[PDB]
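Asks: Generate the whole structure from the sequences, applying the supplied hints.
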Amino acid sequence: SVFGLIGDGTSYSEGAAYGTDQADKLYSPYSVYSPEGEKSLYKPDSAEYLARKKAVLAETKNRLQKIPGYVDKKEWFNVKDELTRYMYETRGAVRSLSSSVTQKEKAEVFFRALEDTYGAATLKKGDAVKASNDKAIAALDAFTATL
Amino acid sequence: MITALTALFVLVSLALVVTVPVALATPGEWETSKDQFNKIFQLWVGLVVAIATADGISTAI
Amino acid sequence: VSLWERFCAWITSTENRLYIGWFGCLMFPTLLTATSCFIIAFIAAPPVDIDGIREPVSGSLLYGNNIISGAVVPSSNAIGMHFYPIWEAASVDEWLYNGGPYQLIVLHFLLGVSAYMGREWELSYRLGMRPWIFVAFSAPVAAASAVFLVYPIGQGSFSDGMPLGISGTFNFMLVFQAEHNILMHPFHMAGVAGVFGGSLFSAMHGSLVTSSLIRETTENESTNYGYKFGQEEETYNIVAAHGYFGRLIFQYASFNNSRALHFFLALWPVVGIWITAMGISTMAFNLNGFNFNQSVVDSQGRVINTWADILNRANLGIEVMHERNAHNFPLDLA
Amino acid sequence: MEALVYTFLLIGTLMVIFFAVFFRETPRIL
Amino acid sequence: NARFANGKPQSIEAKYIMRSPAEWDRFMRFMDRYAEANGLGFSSXXXXXXX
Amino acid sequence: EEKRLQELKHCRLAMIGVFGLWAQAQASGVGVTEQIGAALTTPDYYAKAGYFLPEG
Amino acid sequence: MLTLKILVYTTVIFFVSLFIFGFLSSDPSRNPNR
Amino acid sequence: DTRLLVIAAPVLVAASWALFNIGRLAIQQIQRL
Amino acid sequence: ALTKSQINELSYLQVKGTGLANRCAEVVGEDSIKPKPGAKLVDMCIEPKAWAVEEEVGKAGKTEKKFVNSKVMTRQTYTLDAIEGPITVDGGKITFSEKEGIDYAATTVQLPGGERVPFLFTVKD
Amino acid sequence: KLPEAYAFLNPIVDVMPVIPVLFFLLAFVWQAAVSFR
Ligand code: CLA
Ligand SMILES: CC(=O)O[C@H]1CC(C)(C)C(=C=C/C(C)=C/C=C/C(C)=C/C=C/C=C(C)/C=C/C=C(\C)C(=O)C[C@@]23O[C@]2(C)C[C@@H](O)CC3(C)C)[C@](C)(O)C1
Ligand SMILES: CC1=C(C#C/C(C)=C/C=C/C(C)=C/C=C/C=C(C)/C=C/C=C(C)\C=C\[C@@]23O[C@]2(C)C[C@@H](O)CC3(C)C)C(C)(C)C[C@H](O)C1
Ligand code: OEX
Ligand SMILES: [Fe+2]
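Residue numbers (PDB author numbering), protein chains in the order written: chain Q, 65 to 211; chain Z, 4 to 64; chain A, 11 to 344; chain T, 1 to 30; chain W, 91 to 141; chain p, 171 to 226; chain I, 1 to 34; chain Y, 14 to 46; chain O, 89 to 213; chain K, 23 to 59.
Hints listed in this document are in silico derivations from the structure and should not be mistaken for laboratory results.
Take these hints with a grain of salt, some might be off.
Unchecked claim - In silico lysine-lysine, DSS-like type, Cα no more than 27 Å apart, as pairs:
id, chain 1, residue 1, chain 2, residue 2
1, Q, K117, Q, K103
2, O, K104, O, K159
3, Q, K144, O, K159
4, Q, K125, Q, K194
5, Q, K194, O, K92
6, K, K23, Q, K103
7, O, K104, Q, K130
8, Q, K137, O, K159
9, p, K173, Q, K194
10, Q, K189, Q, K117
11, p, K173, W, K105
12, Q, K89, Q, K125
13, O, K104, O, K137
14, Q, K125, Q, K188
15, Q, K117, O, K92
16, O, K128, Q, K130
17, Q, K118, Q, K130
18, Q, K189, O, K92
19, Q, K138, O, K159
20, O, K92, Q, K130
21, Q, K137, Q, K118
22, Q, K137, p, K218
23, W, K105, O, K92
24, I, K5, p, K218
Replies: Here it is as structure tokens:
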């Protein structure tokens with residue numbers, strides 16, 4: 065007096081079957097090995113998240129001004145820390161905000177000049193930190209204007 | 004066109020995975036049938052090349 | 011004949027009472043400094059904080075412990091993984107406070123027992139016998155090194171190693187039940203099937219040989235004197251033991267070969283204890299046994315409980331209690 | 001005063017093992 | 091020391107005149123058997139059975 | 171005959187050596203002891219500070 | 001406590017150097033065949 | 014219809030059938046296995 | 089233990105292990121500062137270089153109280169750092185008025201005789 | 023997800039890791055064919 069819910073995988077499914085697209089019912093996931101739909105609705109990525117991205121580049125320049133103040137008072141850890149602490153957001157900003165090939169090239173020049181500061185901060189060479197910073201900030205102030 | 008070419012590519016490789024070691028482990032049937040497997044081995048790599056162009060062109064279209 | 015000729019002939023001399031060999035150049039001075047520190051630390055060691063919470067734990071006999079409750083503690087949590095010899099303390103007062111003599115005994119147990127493996131081989135090469143006895147001794151070395159090294163390595167500190175004492179090992183087993191659930195680990199299930207079946211077959215093979223013994227003694231003498239040392243005749247009947255044991259279960263199973271049989275005696279404990287020693291030491295790296303909590307669910311959605319849930323209700327009881335003030339944060343990651 | 005009894009028995013077993021290794025009844029081939 | 095990250099770890103020249111002389115002085119005993127004797131390859135499965 | 175061979179083998183070996191030394195003196199403006207004696211140093215920005223632990 | 005660091009390191013590289021020059025001492029020849 | 018599961022199991026079958034017949038074929042062939 | 093200037097010239101990785109991190113910095117020179125209403129002290133490093141515990145002592149015929157020089161069982165976890173508090177002058181004399189920082193160091197110091205004396209080395213309030 | 027051309031062959035890709043186990047199974051099949059010489 066049962067006929068328990070047999071649910072072969074092709075048959076009916078309430079809560080326990082993993083039929084990978086059956087109980088999703090034309091919502092059509094990304095792949096069959098994932099529950100979510102692909103990317104079509106409810107987040108336009110071109111909407112106003114660009115306040116936050118431009119705010120990264122705004123406070124990027126301010127921390128980069130802090131660097132030659134901490135080379136004179138020879139504090140090599142502060143040069144390596146302030147180049148990571150807030151600056152972590154800059155790669156996720158600049159790469160996500162660069163669109164054309166010209167902006168990608170002015171990204172590439174900015175990142176090499178940013179990495180030569182941290183290398184020269186590791187090597188503890190004060191004149192190479194200040195020189196690469198001038199190469200850095202001028203590559204930022206170029207890239208901000210290319211928008 | 005890529006999906007049909009790799010469908011033929013799997014079905015040729017089924018015959019290769021089966022019939023080649025059966026013809027290798029036979030002490031007679033290799034030296035006679037080697038020119039039948041040469042034709043299919045040359046066809047097989049010549050299908051890899053014709054499927055690598057297909058992804059190569061039809062990504063950067 | 012050089013001075014080094016009269017030396018290597020003496021080290022590898024088989025005529026010595028105890029073989030020294032070239033692993034014994036490691037084994038003897040490493041195990042003698044592990045026994046000697048153990049006898050001194052089990053008797054006279056001052057108390058140690060395992061948890062690095064500055065609450066010292068009394069391990070020695072002279073400070074009011076039994077043989078069972080006494081132990082040699084592990085090192086301090088504050089030390090962690092750091093190699094902490096005598097000379098990196100500022101005083102032996104401080105070396106013995108932080109759990110220094112754990113690392114002195116453990117690192118010399120595991121060099122000396124590894125060198126006890128090679129010496130079991132090196133002599134088996136010197137006496138011309140087939141050289142694989144030390145591979146059977148690999149299973150306790152696997153087991154000891156997983157418990158004293160690899161589980162400290164995986165968990166980050168030597169304070170997680172098993173302490174050297176009878177009530178101390180019981181603390182090690184319970185805490186490792188809670189976070190880790192070793193009972194629901196099949197790599198642990200395999201070696202308890204190597205210890206049950208190990209002592210199963212030792213009782214079997216002992217009882218089939220001593221049943222089928224050939225008549226030499228009298229009623230008034232031990233039956234062990236029917237075997238003189240170094241005989242040439244077999245001291246028992248293989249055909250009567252096999253004919254007994256074949257009717258006990260099966261003809262085709264319970265096989266003939268007395269030489270293939272002792273391999274099966276050599277395999278089944280040693281293969282079992284290899285598996286638990288990899289069972290402890292994968293869970294050193296926090297890959298726990300089976301978690302079947304809240305798996306059985308009815309139509310409505312409510313958790314129906316299993317025997318796994320009262321099992322993991324034990325683990326909650328040991329989880330909330332172990333090292334109860336060393337925790338400041340909700341999850342037990344460390 | 002029971003730590004005397006503990007160390008007497010532990011060293012007691014260590015003595016018995018020393019006589020059991022070095023003063024054993026040797027087996028002979030004869 | 092104690093995670094000073096030393097090479098074969100060691101913090102003084104005094105232990106350099108312990109590593110090298112205790113290797114060497116148990117090495118020169120090894121030399122006293124095996125000095126002035128070379129060559130003589132054998133081409134067998136681990137014979138090396140010269141004396 | 172050994173010596174003429176040993177002279178010649180070092181003749182062939184030293185010519186590549188002078189080309190090495192002449193090229194390293196251009197690639198860096200320092201001598202050999204300021205290169206090999208610089209690559210054995212734990213350079214100052216990597217080397218640890220020292221030993222400041224007290225004896226008490 | 002440097003003197004203990006010397007003496008322990010005397011005796012470690014002592015017994016280890018025995019081990020090194022034991023198997024370099026034609027240990028394959030230490031054999032009940034030849 | 015989950016055509017994935019209806020494709021995933023025959024490709025289990027067609028793989029397990031394939032190399033095993035290289036057993037069976039070279040035994041009906043009888044040649045030097 | 090040198091000045092705060094060239095402690096700051098070291099990266100973290102090359103202090104890491106040296107035992108420098110307990111060491112208070114040093115000062116060179118004699119000068120005046122004349123604090124202002126609104127200043128404070130910021131990096132208050134406080135390291136004890138010797139401990140001493142009251143006891144009953146034996147000497148020539150008589151027993152009394154004094155302090156033994158005693159040794160620490162905690163390795164290096166004994167100094168205070170980065171303590172700050174607003175400095176004030178009211179009656180011409182300068183007051184400190186501690187507020188924050190690492191203001192305790194849970195040490196334990198073993199007496200000659202085997203006895204362990206744990207305490208908190210505090211600057212609290 | 024595979025590239026959109028190759029997304030048809032997803033269950034054939036889904037078996038492909040298992041196959042190196044199944045060679046080791048023939049090594050006992052092939053002995054049973056040869057009847058364990
Ligand atoms: C029916 C119950 C039962 C049974 C039979 C077992 C059985 C086993 N458990 Mg166990 N366990 C159980 C319940 C059970 N468990 C429960 C309920 C818990 C949770 C509390 C655990 C928690 C647990 C842990 C935490 C561990 C085990 C381990 C083991 C294995 C023992 C390994 C061992 O000691 O030999 C191996 C032998 C040695 C370790 C000794 C090495 C000997 C060295 C080489 C030489 C020693 C020489 C000595 C110093 C001097 C010689 C004397 C001379 C002077 C005369 C074995 C498979 C251990 C394991 O898996 O193996 C690592 C382990 O770590 N179990
Ligand atoms: C009567 C009279 O005439 O008296 C004579 C007669 C007679 C017979 C002539 C004699 C002689 C001859 C003498 C004295 C001969 C001296 C010969 C001498 C001095 C021969 C040096 C060779 C050096 C070489 C090959 C070095 C290669 C070195 C090479 C190739 C390198 O790799 C170098 C270097 O740069 C690399 C490139 C990279 C660097 O980073 C570091 C290094 C270091 C590694 C006598 C008996 O003595 C005196
Ligand atoms: C030391 C010193 C100084 C000096 C000096 C002096 C005088 C230095 C002199 C250096 C000198 C005299 C350096 C010769 C090199 C010959 C070379 C390198 C190579 C031949 C190289 C090769 C590769 C051979 C090639 C061929 O194999 C090839 C390619 C084809 C084959 O068919 C034939 C052969 C085998 C031929 C200064 C300048 C005063 C500065 C300082 O203050 C003090
Ligand atoms: O020490 Mn022994 O018990 Ca292995 O978790 Mn983490 O650490 Mn401690 O806590 Mn929980
Ligand atoms: Fe037997």
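Asks: None of the hints should be skipped; say for each whether it holds.
Replies: We went through each hint and held it up to the structure:
no., hint, in the structure
1, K117(Q) <-> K103(Q), "holds, 21 Å"
2, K104(O) <-> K159(O), "holds, 24 Å"
3, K144(Q) <-> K159(O), "violated, 39 Å"
4, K125(Q) <-> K194(Q), "holds, 14 Å"
5, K194(Q) <-> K92(O), "holds, 23 Å"
6, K23(K) <-> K103(Q), "holds, 13 Å"
7, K104(O) <-> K130(Q), "holds, 26 Å"
8, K137(Q) <-> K159(O), "violated, 38 Å"
9, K173(p) <-> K194(Q), "violated, 59 Å"
10, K189(Q) <-> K117(Q), "violated, 32 Å"
11, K173(p) <-> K105(W), "violated, 42 Å"
12, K89(Q) <-> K125(Q), "violated, 50 Å"
13, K104(O) <-> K137(O), "holds, 21 Å"
14, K125(Q) <-> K188(Q), "holds, 22 Å"
15, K117(Q) <-> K92(O), "violated, 38 Å"
16, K128(O) <-> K130(Q), "holds, 24 Å"
17, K118(Q) <-> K130(Q), "holds, 19 Å"
18, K189(Q) <-> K92(O), "holds, 20 Å"
19, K138(Q) <-> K159(O), "violated, 37 Å"
20, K92(O) <-> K130(Q), "holds, 20 Å"
21, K137(Q) <-> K118(Q), "violated, 31 Å"
22, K137(Q) <-> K218(p), "holds, 21 Å"
23, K105(W) <-> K92(O), "violated, 33 Å"
24, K5(I) <-> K218(p), "holds, 21 Å"
Comparing the model with each numbered hint stated earlier shows that hints 3, 8, 9, 10, 11, 12, 15, 19, 21 and 23 do not hold.
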